[PDB]
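Assemble the complex: chain A is given as a structure, and chains A', A'' and B must be docked to it using the hints.
Protein chains: 4
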Amino acid sequence: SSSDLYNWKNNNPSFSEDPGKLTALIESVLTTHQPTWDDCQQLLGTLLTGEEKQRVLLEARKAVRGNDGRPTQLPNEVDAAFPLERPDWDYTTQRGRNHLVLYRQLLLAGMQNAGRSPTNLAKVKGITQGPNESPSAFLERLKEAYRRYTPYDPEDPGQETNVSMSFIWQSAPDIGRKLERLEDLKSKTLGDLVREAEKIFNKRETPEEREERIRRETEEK
Amino acid sequence: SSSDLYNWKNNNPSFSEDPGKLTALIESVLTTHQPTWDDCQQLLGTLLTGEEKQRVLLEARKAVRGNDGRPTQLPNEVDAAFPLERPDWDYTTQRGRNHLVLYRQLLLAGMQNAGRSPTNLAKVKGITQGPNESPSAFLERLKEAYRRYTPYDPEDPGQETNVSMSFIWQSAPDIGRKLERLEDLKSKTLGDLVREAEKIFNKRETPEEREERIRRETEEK
Amino acid sequence: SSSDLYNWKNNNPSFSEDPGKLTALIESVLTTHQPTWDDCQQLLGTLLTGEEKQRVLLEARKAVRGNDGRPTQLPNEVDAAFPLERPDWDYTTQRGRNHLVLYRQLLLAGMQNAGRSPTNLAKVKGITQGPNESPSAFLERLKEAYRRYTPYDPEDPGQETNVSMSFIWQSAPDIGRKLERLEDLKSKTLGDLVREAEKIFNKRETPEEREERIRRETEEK
Amino acid sequence: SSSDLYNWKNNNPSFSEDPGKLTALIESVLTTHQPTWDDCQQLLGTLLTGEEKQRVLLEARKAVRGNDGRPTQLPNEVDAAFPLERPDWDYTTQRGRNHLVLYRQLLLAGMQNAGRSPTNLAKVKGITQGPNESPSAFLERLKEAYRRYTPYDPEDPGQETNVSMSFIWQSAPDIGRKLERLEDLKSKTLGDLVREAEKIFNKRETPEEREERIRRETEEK
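Protein chains in written order, with the authors' numbering: chain A, 16 to 236; chain A', 16 to 236; chain A'', 16 to 236; chain B, 16 to 236. A prime marks a further copy of an entry chain.
If a hint is listed, it holds; no wrong ones were tucked in.
As the list makes no split between identical chains, a pair holds if one copy fits it or if it spans any two.
Only pairs whose alpha carbons sit at most 25 Å apart, straight line, appear in this in silico DSS-like list of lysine-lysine:
#1 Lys140 - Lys214
#2 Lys140 - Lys36
#3 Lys193 - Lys158
#4 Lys193 - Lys214
#5 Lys68 - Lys24
#6 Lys68 - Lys158
#7 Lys138 - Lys214
Note that these hints are calculated values from the structure, not bench results.
Okay, chain A solo, but in the shape it has when bound:
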């Protein structure tokens, strides 16, 4: 029904604004509505701009795997899995159904990867600890940026040193300089670094603490 298509469009941000929204909606519809190849063209054509759809389609074709489970750029294999022109898939046949299943899976992959927005290498670098922001709150914002703007899971054990380095570099300057000077820095987990940053953050100075220090200095000399 065109009312469904337009409602989906109108109740969500554009793909470019926030890819997660439409991707999740389309992932759901791909299941509940079991769209054919033509139906998928209407979905994409209605919910995405020309430039977004193109990104998604190339990303979907890049997600095709050969029978050895590895990527393939062989035209015939790519075309057979994710055709750009109407295929002869017959939904009354197991053959047709299997192609439809795969097509939908690849379409989803395409959207997920096109959303990735080319490892937002700048959005992650732009997460800097605020002057009042606790180290744990800053770390959560930094992890959120990794999730949204990179393909790397900040909770993976293999990403720990990577997240740790961003955490040290992008902490407030006093904190970052002290974390950098920690003894056996290589041995510090992300949790260790947060605890060390908290010691600096919590055992610092405050306007009341500055008034107390000024009073103690005036009592001294």
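Leaving out everything else, chains A', A'' and B in the frame of chain A:
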């Protein structure tokens, strides 16, 4: 009607954003619409992402109880209560109806527990008293975090020392240091601690009080 | 129509968030739609959570009155007025209609009282005059909290000393200390107290007034 | 057989003395003997005193859940699940059998909760470290009291600060005073606290150590 399903989706945050919203909507629908097992698959499939649904389904299976009222991980019992594949339940039979009742109850449990978001042990620690925030207002925010992000009821008598310790640790530093030094601290109720914190909060200094203190010091010397 | 029920739900906050919203909607519907007992179960079941509905139902049963106009906890009387299980009320009979009228009235009472949220004894105490807030503006916020979070009408003559005491206690500290010291304090109306607080609020000091005082002090010595 | 009933009674402590004993025996019998409602009355009537049985029965009725999986105090629902008077349950019917299953489950719940003995808030506070008792041995006794006399599992992550506070408060006075003074106390796990207490416990003084200190003081002056 697909219009109902999509309306429910579009008028609520995602499950991940705020699990309470969709959980309450689904709890209601489970009653008013008396869904079958297939209907429940459409509900879940339409309102949740693939990753959310999975969490919910495993949480629902973890909520199954044996005839002795205790948890069970026995495949046959788990499968019989909360099947992952279409069951042969016939709604025209008391047997079918009872399974449907239980299934819906477990589905709800699954959502409630999946929402729990693994005892947000960080969200509770992140509630810190603001510099202008009264102790009672801070305590209410702290209790709200316990409710939303842990399975513990902050109003339970058995949670009092737990909430008390968070209250002391996460109060503004001047207040927390004084609460920690209270005589017979073990004997203080949560209400006592709030009253003691209020004494510090209210009998402190203000910019007008600082101007008065500076005037009194200038009158002194 | 399920569209009406779901529209009512989706266009309002939850009962817990703001009880007034749904209570007013349901009060209206109880009149325009003249619901039967089953209809009321759908209303409640759809618009309230399990925990909210329970609160409302117990509150409704607590609102039942005997023939002497007084509360009654006599099971038969409570059950007859507000049955928890489907009653045999026949809307084609004056008997059935009268029970329906009473049921709807009690349902409304239940919601009104369940909303009361147990005399939010903390929300009223949490209304504190802001540093720039006029005494009359503060008093209006304090009265709003009485209305929303207690069963007491702050405009009732019998509540005047009660509101007066909250007004004095929760005024800005300089104001509250002076109001407390007023001669013949017992004789002061709420209006008197507001006028006395205004004298303190308006005849105080300002940054321009502080600059003028500093200039006068520098001219003095 | 009355011999079984009296043997069970005579080979166990009373419910009041140690609820776990009879509860475990009855849980077993409820399974192996598949008792009817009347059989359960004989079990309870024979193994419990009048006052114990009453506690158990009210606790069992308090454990009844509605179809939404939540507690219910609706007379008809409570009565239907756990009747105080002989029900018409026919064990030759699936309907009768299901009620029997539920009844037995609720009976067990009732006993488990009646045993709880109202969160023995005093038994837990009464666990104090002995003068020769190691911190780990004391902690195990403290956890045992939580298990026996509260509904809280001392091994739950959400109970850690609660157990930690009891551990600090009820440690031997020298130990408790030092644990209270630990830097970053909020950051200490239960395991950390035990290790810190062990440092105090093991690096203290002994009668031989006192003789050595007296000899060193006599050598000094």
